[PDB]
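Put chains FG, AB, DI and a on the given structure of chain AC with help from the hints.
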Amino acid sequence: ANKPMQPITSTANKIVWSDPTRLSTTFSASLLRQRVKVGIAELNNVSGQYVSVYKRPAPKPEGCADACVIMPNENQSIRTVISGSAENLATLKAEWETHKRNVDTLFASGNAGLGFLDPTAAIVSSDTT
Amino acid sequence: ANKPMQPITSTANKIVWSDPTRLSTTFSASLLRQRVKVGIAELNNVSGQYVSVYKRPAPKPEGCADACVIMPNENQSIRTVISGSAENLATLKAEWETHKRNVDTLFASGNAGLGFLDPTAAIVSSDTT
Amino acid sequence: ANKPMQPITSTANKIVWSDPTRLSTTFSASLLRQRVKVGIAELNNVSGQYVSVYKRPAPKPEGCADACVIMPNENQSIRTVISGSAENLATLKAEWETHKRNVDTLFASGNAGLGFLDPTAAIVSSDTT
Amino acid sequence: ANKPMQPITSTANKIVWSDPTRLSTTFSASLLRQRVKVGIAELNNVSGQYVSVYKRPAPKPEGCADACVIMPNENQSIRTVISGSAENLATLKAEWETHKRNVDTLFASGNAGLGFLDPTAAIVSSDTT
Amino acid sequence: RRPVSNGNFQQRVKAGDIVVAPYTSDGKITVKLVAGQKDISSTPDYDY
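Just so you know, the sequences run in chain order AC, FG, AB, DI and a.
Residue numbering for the first sequence follows the authors' numbering, starting at 1 and increasing by one per position.
Residue numbering for the second sequence follows the authors' numbering, starting at 1 and increasing by one per position.
Residue numbering for the third sequence follows the authors' numbering, starting at 1 and increasing by one per position.
Residue numbering for the fourth sequence follows the authors' numbering, starting at 1 and increasing by one per position.
Residue numbering for the fifth sequence follows the authors' numbering, starting at 99 and increasing by one per position.
Among these hints, one or two may not hold up.
Claimed, not checked - Just a few of them, taken from the derived set where beta-carbon distance is under 8 Å, the chain DI residues facing chain AB:
#1 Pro-20
#2 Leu-23
#3 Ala-41
#4 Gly-63
#5 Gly-84
#6 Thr-128
Read the hints as simulated data drawn from the structure, not as lab findings.
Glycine included, every Cβ here is placed at the ideal spot set by N, Cα and C.
The shape of chain AC in the complex, shown without the other chains:
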């Protein structure tokens, strides 16, 4: 399994989790409810900032296991935001998951993480055919 993280700053909108065994690893979720007027209609807007930070150490050069060799740790920030209406939450879920498949086919399976972006990499829409 993976180490569960406990809340640090418990608030009605912000909850910040951190690994007890490694306080560097954090994952905070910030949320903001609002009543929004767009046109001839009232909609509620829910914004969720989902950011996870890991202070990963520098990669170990070549293939030495060694032992007591410390290298400076670099941050790894992965932040997402969600915007939409609660009455459209069910259809937002589909967009969220198809966003996942679009990203991973471009980043996880793809090599955009290395900086190489692929124009021909096929990506998929939300609504079904």
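Just chains FG, AB, DI and a now, with coordinates in the frame of chain AC:
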């Protein structure tokens, strides 16, 4: 496995897409590549900013207006950015998965979309026991 | 068989207790978290400021009774600040317990509270041999 | 078998101890006495600052002891002050005794050292039933 | 209570827009049930 969009603007940095049937939905992808001096060593950091945008109309007023009285569209947008050393990509891919789990375990499988934060929501880190 | 109290004002940093029967006495505990560089390495620093207040008017000059409650109130404050790296809690706790009997030598067994100093007192460190 | 300390610096108010083997560790005690007048009463106010500080090396990285790798040092400081009148000192010890177990439950027994505040901690008051 | 916040309510009202939101203040509903004796039977009588 639904309808695939096709690109609209290809560039060394930003590549955007759009569904031919509905140009409203887009999937932008921009990269910023930098050199970071962590310590007595130089590393390349890339900021992959991914945006998914779709215009979704407000729900019908209990089916009393209906026929071609089209109300404006909301802003169902999901922005996600990923930053980190390209040398630690593989482990950065791993935390990308647990980022999905942490988001899904409270938002997709939870009511975070509604807006109620869950202090007891089970959230784990990338590391394994 | 003491009288337990319940928290009266809670916050992400400050939590205040107070006895329902006697609201004067409080055990207010604050906590501050920071991260620092020492050996170009990250150590998470935690500062715990614990305060206990009590107001118990009883000088009681010799042995009168009846109308001898006119004597004013006096304040008793006992405050403790604990600071250190979170990574060293296991060995920091040994410092706490050593700090306990150390002050008890001066305060509990000794008469330092009256205002006296005893350089001949037995003060011992946490490190053993 | 803990190593004991003996005084270094003597002063009218402040006395400090230090370990001959390791001079980094110290335990100081500074006292302050004031003349306090209230209605038909004389109070002997004493404030005793009790500072115990260690210079503990930073945690060596796990999985290796090897040839000495000198980690830096950080200061683990534990400081307390006792404020009150001299006449009611004897019954003040119990409050100080309560302050021991009160903190021990929250910090030593609990995980408040990491920064985990527990509003459900079972803490009691000086007065009993 | 079911409070709702109207986004940038102050900015909208400064711009001149009018904002209306549903609300439900905290309530208090109680019922008293008072026991009452019942004369199930009474027949004998006497004079004073």
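Hints and how they fare:
1. Violation of the interface hint for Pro-20/DI is found here, the shortest Cβ-Cβ separation to chain AB being roughly 10 Å, above the 8 Å cut-off.
2. With 8 Å as the threshold, the beta carbon of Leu-23/DI stays out of range of chain AB, its nearest partner Cβ sitting at about 11 Å, so the hint is violated.
3. With a cut of 8 Å, the hint placing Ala-41/DI at the interface with chain AB holds, because the nearest CB-to-CB distance is about 6 Å.
4. Hint on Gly-63/DI is violated. Least Cβ distance to chain AB is approximately 15 Å, over the 8 Å limit.
5. The beta carbon of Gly-84/DI comes within 4 Å of a beta carbon in chain AB, closer than 8 Å, and the hint placing it at the interface holds.
6. The beta carbon of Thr-128/DI is positioned within 8 Å of a beta carbon in chain AB (closest approach about 5 Å), and the interface hint is therefore held.
Hint violations for this structure: numbers 1, 2, 4, all remaining hints satisfied.
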